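Pasting a structure here, questions to come.
Selected chains only, in their assembly positions.
Note that the chains take the letters A and B in the order they are written out, and that residue 1 is the start of every chain.
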Amino acid sequence: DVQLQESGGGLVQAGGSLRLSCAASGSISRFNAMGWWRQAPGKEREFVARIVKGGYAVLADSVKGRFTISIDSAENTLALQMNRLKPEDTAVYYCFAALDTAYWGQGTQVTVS
Amino acid sequence: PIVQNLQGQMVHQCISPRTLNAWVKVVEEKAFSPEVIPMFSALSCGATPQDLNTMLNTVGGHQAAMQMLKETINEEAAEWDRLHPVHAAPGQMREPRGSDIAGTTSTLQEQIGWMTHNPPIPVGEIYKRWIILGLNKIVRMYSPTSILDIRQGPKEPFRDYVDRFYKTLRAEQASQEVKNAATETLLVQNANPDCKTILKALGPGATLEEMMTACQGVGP
């Protein structure tokens, strides 16, 4: 049916930027909403970003000034550009997509140190 | 009703045949669904106390509710007399009692005098407030279902469930300004499994538009 997988993760310095990308099977315009969550080890799942079809992106307050979310309908990918990274941003990152149910990738690790 | 004429003067006008039939029909067709109350308020624009009583008196059924309305009016009338107990010739009658506001002890001419005074004593608006308070109570009693019993069916479109959820909520509180955080919380908790995962993933602060779009599809 629909499988999605994140990529672009790695190890970055404090004070850095990174651009994460969430690849979707099929056409991205068919999804009615997509977004990003993150969890740091031992911490409760934290909300990062959401984009709903026909909708302006809404971002979390801990990232509001910095990160940006984009959609490439040509390449069928939903990108999250991360800038001004802090050491506390080290966490496990998950993408989500909405169709007949919610589908998640397995996540990509982002490490700031 | 009291209306303004082209001359700019506030004059009494007989209640219209169209207005009378409209109120009778709305009660017959919609019974005491919450939407009746905004119609009553709109149809009774400019009403004297007499006119308001006429509209209520022309309703034929639902006499249990109408007796409840009388009780509520009488309770509110008593608080009026208690808050403005003042008793006592300025050449213009200034004092209105609760029963005068309710049209029981006042004449049409007396009602017109207060409403057309400068400054106005809006006995029609005051009485309508008490009546609307009573009608609101009737609407809650006639709500057939508690908000806790609205749960989305496995094949129920999210839009149809949301309609049922906010329709019931309006009747149980007699108003629509009821989106406390608990209501929000209950909408997700009572949704079906597939939508709920999608709604959970949307995060906090999601608009209703975003939730309904997100849950668009959901199979059925």
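Assume contacts are C-beta pairs under 8 Å (C-beta built on N, C-alpha and C of every residue); 3 or more make two chains touch, one makes a residue touch a chain.
Novice: Each kind of chain is drawn once; how many of each are in the full complex?
Specialist: Although only one copy per kind is displayed, the whole complex is A x6, B x6.
Here is the rule we go by: only the chains that are shown with their structure count from here on.
Novice: Just curious, how far off is chain B from chain A if you go by their C-alpha centres, in Å?
Specialist: About 47 Å separates the centre of chain A from that of chain B.
Novice: Touching chain B in the complex: which residues of chain A?
Specialist: Those residues of chain A that touch chain B are 32-33, 35, 37, 47, 50, 52-55, 58, 60, 96, 98-102, 104.
Novice: Give every residue of chain B touching chain A within the complex, in rising order.
Specialist: 194, 197-198, 200-206, 209-210, 213-219
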